[PDB]
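Chemist: Here is how the chains run, residue by residue.
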Amino acid sequence: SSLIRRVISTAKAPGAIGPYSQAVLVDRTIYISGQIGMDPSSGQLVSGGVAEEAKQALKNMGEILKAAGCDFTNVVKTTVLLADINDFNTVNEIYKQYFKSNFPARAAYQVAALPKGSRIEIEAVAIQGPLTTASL
Amino acid sequence: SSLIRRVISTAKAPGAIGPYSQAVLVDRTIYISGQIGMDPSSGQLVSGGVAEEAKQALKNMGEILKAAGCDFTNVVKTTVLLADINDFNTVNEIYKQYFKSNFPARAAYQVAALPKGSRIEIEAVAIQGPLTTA
Amino acid sequence: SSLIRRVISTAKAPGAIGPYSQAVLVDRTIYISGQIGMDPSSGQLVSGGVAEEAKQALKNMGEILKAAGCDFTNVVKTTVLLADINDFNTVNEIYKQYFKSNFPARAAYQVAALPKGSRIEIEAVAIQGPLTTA
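Chains as they are written, first to last, in the working numbering: chain A, 30 to 165; chain B, -3 to 130; chain C, -3 to 130.
Keep in mind that the hints were calculated from the coordinates and are not lab data. Treat the hints with caution; some may be incorrect.
As the list claims (entries may be wrong) - Pair ranges (Cβ atoms, derived): (1) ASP80(C) to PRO69(A): 24 to 30 Å; (2) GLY45(B) to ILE0(C): 36 to 42 Å; (3) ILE0(B) to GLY65(C): 41 to 47 Å; (4) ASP23(C) to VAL3(B): 33 to 39 Å; (5) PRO144(A) to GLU48(B): 32 to 38 Å; (6) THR129(C) to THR128(B): 44 to 50 Å; (7) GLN73(A) to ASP35(C): 24 to 30 Å; (8) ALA12(C) to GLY14(B): 32 to 38 Å; (9) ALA109(B) to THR102(A): 28 to 34 Å; (10) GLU89(C) to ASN118(A): 46 to 52 Å; (11) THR128(B) to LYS41(A): 40 to 46 Å; (12) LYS8(B) to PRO69(A): 29 to 35 Å; (13) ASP35(C) to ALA130(B): 26 to 32 Å; (14) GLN40(B) to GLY65(C): 43 to 49 Å.
Stated by the list, open to error - Computed footprint of chain C on chain A, listed as stretches where at least three residues anywhere in the stretch have a Cβ under 8 Å from a Cβ of chain C: (15) 33 to 47; (16) 94 to 103; (17) 144 to 154.
Just so you know, even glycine gets a beta-carbon here, dropped at the ideal spot from N, CA and C.
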């Protein structure tokens, strides 16, 4: 009757440094922490604003997915939090470079402020494969 | 070992204005995108403010639920995102016309802005039936 | 084939002041509503500000978890919604009084406004154990 729950941690994404995990896996469902454009090495936000931060946040998410045996095709839901709702056109273009098709469900909105003054934070839910459309 | 994962897509609700699906069904859990009060025919927000937008957003969610085999009773969690926290009474009154009992868990708060200048966005998680309640 | 959906209800946490349930359990997953620093017996926010409200909100979350046969170790994801981003450190130190290892995944950010003028709201997803690593 037990289920495995394991905390994902990879050095290719910025480390926790706090009472949170990069992501938690529990019977094929992966809850991924909100990712911002932090460089895993420098511990600082990359420079350049939303375009550069979005790219970095998505790479960070990709490395976490990888450590769980997944890729972007496994993501079923994201939340995209913005410092400015008007950055959507830019953000969408970058988002589509990682999420190429069969897009996750999504919620999206502008918040009042994000950690470290970032312009974007992306959280996600993913499911460990293998996956099928067939009702079997 | 395979789990069923399928996108839900109905013309009864608005087409995506960005790279997202209306909902994703995965092993009985349905993740529904944030819905706003956009008319499915025109692709524009309905006129009249928060009360009319909330209604349309819920109708849109309802059509997505239907296409996933589900109705409002299958919803287990929602997030209500408001342009103005003072609209809560108005929003709840409308919310209760759709969700009538065994209510979903819920988070609610005011955000800075929503897509298309909407006054409300509602996301949800539902579970595909059969479901039997204690 | 049929999954049971159970609404979690306990007088040890504040009763709902809107159309929502404290938490909903379905097939092992427990979706917990956003908790604020309200005292169950008065149904009013505690005094003292964010520090006091955060402790109360977590305490309310703990009672809801216990009512579902869980504790804080069962939590796999939280969202911390702040009225002020600068309250983060204060809230984080309190959060660590409850979560001690195998930490939940997390999102944190500042919103425009929370219900009843609250300085913090915390929602969560938890999974019914036993949960193991092996």
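Chemist: Confirm or reject each hint.
Modeler: Hint-by-hint comparison with the structure:
1. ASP80(C) to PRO69(A): 24 to 30 Å: Distance hint for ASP80(C), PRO69(A) holds at roughly 28 Å.
2. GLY45(B) to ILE0(C): 36 to 42 Å: Holds, since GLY45(B) and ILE0(C) (Cβ atoms, about 40 Å apart) stay within the stated range.
3. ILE0(B) to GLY65(C): 41 to 47 Å: violated, 29 Å
4. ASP23(C) to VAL3(B): 33 to 39 Å: violated, 22 Å
5. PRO144(A) to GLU48(B): 32 to 38 Å: holds, 36 Å
6. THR129(C) to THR128(B): 44 to 50 Å: Violated, since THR129(C) and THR128(B) (Cβ atoms, about 32 Å apart) do not stay within the stated range.
7. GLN73(A) to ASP35(C): 24 to 30 Å: Violated: the Cβ-Cβ distance is about 41 Å, outside 24 to 30 Å.
8. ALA12(C) to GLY14(B): 32 to 38 Å: The hint (32 to 38 Å, Cβ to Cβ) holds, given that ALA12(C) and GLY14(B) are roughly 33 Å apart.
9. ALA109(B) to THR102(A): 28 to 34 Å: With Cβ atoms ~30 Å apart, the hint holds.
10. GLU89(C) to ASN118(A): 46 to 52 Å: violated, 39 Å
11. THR128(B) to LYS41(A): 40 to 46 Å: holds, 44 Å
12. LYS8(B) to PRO69(A): 29 to 35 Å: Violated, since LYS8(B) and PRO69(A) (Cβ atoms, about 44 Å apart) do not stay within the stated range.
13. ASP35(C) to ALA130(B): 26 to 32 Å: At roughly 28 Å between Cβ atoms, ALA130(B) and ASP35(C) fall inside 26 to 32 Å, so the hint holds.
14. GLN40(B) to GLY65(C): 43 to 49 Å: Holds, since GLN40(B) and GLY65(C) (Cβ atoms, about 48 Å apart) stay within the stated range.
15. 33 to 47: Result for this restraint: holds, n = 6.
16. 94 to 103: violated (count 0)
17. 144 to 154: This one holds; 3 residues, not fewer than the three required, reach chain C with a Cβ under 8 Å.
In this structure, the earlier hints numbered 3, 4, 6, 7, 10, 12 and 16 are contradicted, and the remaining ones agree with it.
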